[PDB]
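As a starting point, one isolated chain is supplied in structure tokens, in the form deposited in one PDB entry.
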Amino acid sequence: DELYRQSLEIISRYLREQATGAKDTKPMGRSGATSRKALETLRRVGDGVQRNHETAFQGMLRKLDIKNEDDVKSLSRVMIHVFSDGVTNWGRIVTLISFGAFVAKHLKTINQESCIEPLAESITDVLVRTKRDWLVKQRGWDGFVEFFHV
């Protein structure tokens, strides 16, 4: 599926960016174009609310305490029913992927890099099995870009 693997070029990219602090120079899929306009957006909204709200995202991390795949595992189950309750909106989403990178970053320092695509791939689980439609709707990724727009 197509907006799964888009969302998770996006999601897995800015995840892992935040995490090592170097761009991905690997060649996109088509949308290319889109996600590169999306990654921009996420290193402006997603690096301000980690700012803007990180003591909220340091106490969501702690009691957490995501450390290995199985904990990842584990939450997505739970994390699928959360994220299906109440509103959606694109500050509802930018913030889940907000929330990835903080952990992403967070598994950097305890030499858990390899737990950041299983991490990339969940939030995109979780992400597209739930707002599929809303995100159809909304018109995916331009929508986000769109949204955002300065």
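Residue numbers count along the first chain shown, from 1. Between two forms, the rigid core is the largest collection of C-alphas that superpose within 1.5 Å. First, how it differs from the form deposited in another entry.
Lining up the core between the two forms shows that one residue from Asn89, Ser84, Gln58, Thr109 moves its Cα 2 Å or more, and that residue is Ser84.
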Given for the second form:
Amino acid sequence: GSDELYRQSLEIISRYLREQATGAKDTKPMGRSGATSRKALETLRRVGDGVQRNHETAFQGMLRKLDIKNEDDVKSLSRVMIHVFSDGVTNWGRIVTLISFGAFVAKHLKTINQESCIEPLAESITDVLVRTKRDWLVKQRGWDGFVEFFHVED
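Would you mind generating the form deposited in another entry now that we have the form deposited in one PDB entry?
No partners, no molecules, just the chain.
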């Protein structure tokens, strides 16, 4: 298919945000490169939740000021999202920061019966990530590099 990087990225980010909001792992089969995407999801469960615990106050402080309740507000977040790159630095930390921000928003949407807004939220996040940093992601081997970046000694 056309633009496989975007499709895969949306698949990963969609399922993570929805799983974070509902607390239930998805079981619907994934598509091309889904095996790598499964490992990236598990990586996000570990790393993403670690970021959320250590910085929940900062993230909650943002939600308080944002006061988003509908689809329009969700899309309006793109202006905020791009600031993870504001200093000219790009790394998997900034991307995990952005996705973790999405997780806090997705959890909120759940609590006000806006699960339908999680899908356009994931599209907005994937837009900021892929539409502005595609060159960086390709050079970093995409989600396979993501998985290898967070490899734990175990």
